[PDB]
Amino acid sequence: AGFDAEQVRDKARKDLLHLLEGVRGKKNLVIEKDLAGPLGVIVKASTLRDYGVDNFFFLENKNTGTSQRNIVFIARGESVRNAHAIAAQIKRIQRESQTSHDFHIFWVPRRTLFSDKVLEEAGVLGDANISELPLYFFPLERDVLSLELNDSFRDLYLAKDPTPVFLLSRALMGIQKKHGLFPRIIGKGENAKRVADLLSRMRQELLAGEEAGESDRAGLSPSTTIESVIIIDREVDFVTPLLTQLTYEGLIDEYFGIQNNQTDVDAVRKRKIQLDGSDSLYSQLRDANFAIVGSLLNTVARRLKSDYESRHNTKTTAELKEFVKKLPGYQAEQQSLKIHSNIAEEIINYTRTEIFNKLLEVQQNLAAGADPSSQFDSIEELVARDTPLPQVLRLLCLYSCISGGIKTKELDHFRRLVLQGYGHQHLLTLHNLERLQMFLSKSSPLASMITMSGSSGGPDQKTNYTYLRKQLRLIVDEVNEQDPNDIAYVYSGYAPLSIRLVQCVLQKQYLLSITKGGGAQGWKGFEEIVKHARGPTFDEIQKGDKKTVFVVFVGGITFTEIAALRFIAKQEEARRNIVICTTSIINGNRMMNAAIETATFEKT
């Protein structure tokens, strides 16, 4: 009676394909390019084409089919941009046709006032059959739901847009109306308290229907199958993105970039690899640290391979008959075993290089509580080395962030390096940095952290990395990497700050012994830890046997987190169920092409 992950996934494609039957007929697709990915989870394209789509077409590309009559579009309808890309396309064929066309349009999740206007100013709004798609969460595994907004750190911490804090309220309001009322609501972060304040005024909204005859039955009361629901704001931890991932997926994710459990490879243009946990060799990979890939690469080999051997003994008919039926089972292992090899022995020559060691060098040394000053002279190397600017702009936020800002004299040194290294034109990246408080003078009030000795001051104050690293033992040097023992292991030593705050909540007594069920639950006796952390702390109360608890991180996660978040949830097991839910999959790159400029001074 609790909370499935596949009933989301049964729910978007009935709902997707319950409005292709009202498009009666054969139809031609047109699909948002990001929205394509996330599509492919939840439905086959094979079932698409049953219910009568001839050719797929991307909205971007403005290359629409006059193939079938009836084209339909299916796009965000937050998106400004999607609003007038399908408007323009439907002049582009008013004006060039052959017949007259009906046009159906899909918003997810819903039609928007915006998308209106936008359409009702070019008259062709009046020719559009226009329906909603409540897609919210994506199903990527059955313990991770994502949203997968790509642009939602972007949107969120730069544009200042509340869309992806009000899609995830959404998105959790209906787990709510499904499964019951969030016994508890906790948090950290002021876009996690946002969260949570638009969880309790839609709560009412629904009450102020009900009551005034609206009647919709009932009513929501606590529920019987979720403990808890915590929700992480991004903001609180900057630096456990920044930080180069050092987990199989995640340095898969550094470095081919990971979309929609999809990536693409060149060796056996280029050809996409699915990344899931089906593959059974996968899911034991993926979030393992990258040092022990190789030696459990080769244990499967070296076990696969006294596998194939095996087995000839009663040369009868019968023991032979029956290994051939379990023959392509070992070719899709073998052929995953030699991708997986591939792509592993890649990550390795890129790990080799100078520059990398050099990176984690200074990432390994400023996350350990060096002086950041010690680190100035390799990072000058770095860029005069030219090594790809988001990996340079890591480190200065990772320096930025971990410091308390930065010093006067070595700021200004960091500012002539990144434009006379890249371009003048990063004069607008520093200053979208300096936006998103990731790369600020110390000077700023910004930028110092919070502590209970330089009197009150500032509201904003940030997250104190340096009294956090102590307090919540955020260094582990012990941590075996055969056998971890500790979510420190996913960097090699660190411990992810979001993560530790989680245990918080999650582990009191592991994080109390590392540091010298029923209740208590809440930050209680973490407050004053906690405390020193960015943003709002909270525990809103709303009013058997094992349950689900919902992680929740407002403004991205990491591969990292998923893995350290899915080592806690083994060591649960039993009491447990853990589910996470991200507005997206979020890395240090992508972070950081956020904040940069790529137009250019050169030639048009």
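Residue numbers count along the first chain shown, from 1. So that the term is clear: the rigid core is the largest set of C-alpha atoms that superpose within 1.5 Å between two forms. First, how it differs from the form deposited in another entry.
- After superposition on the rigid core, the C-alpha displacement between these two forms reaches 2 Å or more for just one residue among 409, 315, 160, 424, namely 315.
- Comparing the forms between these two forms on their rigid core, the Cα displacement of residue 201 stays under 2 Å.
- Residue 524: CA moves less than 2 Å between these two forms after rigid-core fitting.
- With the core held fixed between these two forms, residue 357 has its Cα displaced by under 2 Å.
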Contents of the next structure:
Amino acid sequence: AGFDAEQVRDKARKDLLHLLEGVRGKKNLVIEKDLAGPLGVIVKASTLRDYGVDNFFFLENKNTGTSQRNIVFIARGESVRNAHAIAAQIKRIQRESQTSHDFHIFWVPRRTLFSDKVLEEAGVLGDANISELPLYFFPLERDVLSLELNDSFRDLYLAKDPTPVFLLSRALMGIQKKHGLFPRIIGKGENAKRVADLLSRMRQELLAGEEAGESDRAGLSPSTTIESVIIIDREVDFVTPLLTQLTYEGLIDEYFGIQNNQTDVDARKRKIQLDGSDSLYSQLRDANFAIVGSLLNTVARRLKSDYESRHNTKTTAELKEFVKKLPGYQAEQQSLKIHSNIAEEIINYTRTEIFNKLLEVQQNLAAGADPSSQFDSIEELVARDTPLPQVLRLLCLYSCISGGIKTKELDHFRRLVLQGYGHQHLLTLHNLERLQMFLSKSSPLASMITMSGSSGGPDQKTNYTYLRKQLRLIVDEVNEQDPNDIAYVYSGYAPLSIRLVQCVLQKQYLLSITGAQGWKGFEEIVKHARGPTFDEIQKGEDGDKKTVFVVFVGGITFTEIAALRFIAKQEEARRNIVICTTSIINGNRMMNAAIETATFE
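Any chance you could show the form deposited in another entry after that form deposited in one PDB entry?
We keep it simple here and write out only the one chain, dropping partners and molecules.
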């Protein structure tokens, strides 16, 4: 009866295939490249051709095939960058065709007034069959839902585009319609509050619809399946993704780049699948890289010792047994060979001087050391031409964790970057200033929160000096082999974001390391983190273990996913934890939101 991530995949596959049946005949496929990956999670390429697709084309490639009469456009309908591209795709074969063509566009997830005008002000609105493809969450795992919006971070925090918040809101409301109102909407931060607002608005619009004869049959009552949804704004805690991640999946995302559960290695290069259907990867992904050697050894000598199993046997039937367990002994065999190779590459990566000089800085900054003491180490890294994203993450780390950079050190930093990597990065440093990730200490927007200096400033920033102690962000006495606490994901540093979540879910454990819902017990402490703290109760108007949705507006890291799975195992008795997010984020994606790539050459 509860929430199952499978119902989202099956529904997604259904709604697409149902639209493909609708296009009678054979098709060519034009898919937005950022959307091709996420589609792969809900349908197979094989399956798409059964339903009559010839070749696959990208909207970004402009080279749409002429072979077929029906051309199918699949792209996100909120994107302005897509509408202009599609209309221009229609006439770019409407004038160099052969037949006349019937054009079809599946908008993800909805048809917008913006679409209907850009398509009209190109003359091609009436020549295109337009339908709506309501994909929202892409279930990447049974406990991980994602909107998969790759520019969601940039758009939300740089462009101030509230589109990510709107989509996220409709997705969560879809869960409510099916499984009941969230008995409690619990959150932290501006955009977390905005989502809670739209959920409140959308709940009232459904009661206004039913009351005013729009029918819709059945009014929404509090869920019996769901305990609460917890919403955290990414901007409340920029430090976690800025840090180099130290889990196995985490280091894969840092070094190789994970996308839509898949990555690339060199045995052009080959694709690896990275989901939890693989037995071995499930036990590996959330584990600190330090003990990945141990974990690989143990499973390697447990494979050859289960090949020692029952091939002695011989009747005729208990070998027919053993032989059927042999595919999985080949799946488990090669699963090991792949990850023993990745681990070997990632190990070499983690041994380089530059890697260690970066981590050294992070570790000092994250521990509360005088940020100034790290200046020479940063200066050298710049002079040793270490990749701009890696340096900028340190710069933002220092800024965000200290309440900004001292004015002298700022100007020095500005000079190094500009002189190190290009004067184009005036723009880059400006963008990081807009992001409020890299600021002078004398700026009003730099100040952390204190109860001391009460007034002055409304957007006061998270106090990492205060919360380091009060939320026990440092645990340098943590077992990586059998982890006792979430800090293991950084080998001594627990993400503030998940600590914040622990203020709601594990109140007693949190006291332990220094039974009401909401923030009760941590009101003061959480006041020291950026933005609104709230606990909106939904009673409507009219038991077993329940599901908890932990939602990240603005992106979540794998380390945070790991720490949440860790808590989920602990709470296995009373709670099923599902993670929702706009996208899976990391330090590099954040800097790319900022880095200007034009070049003066």
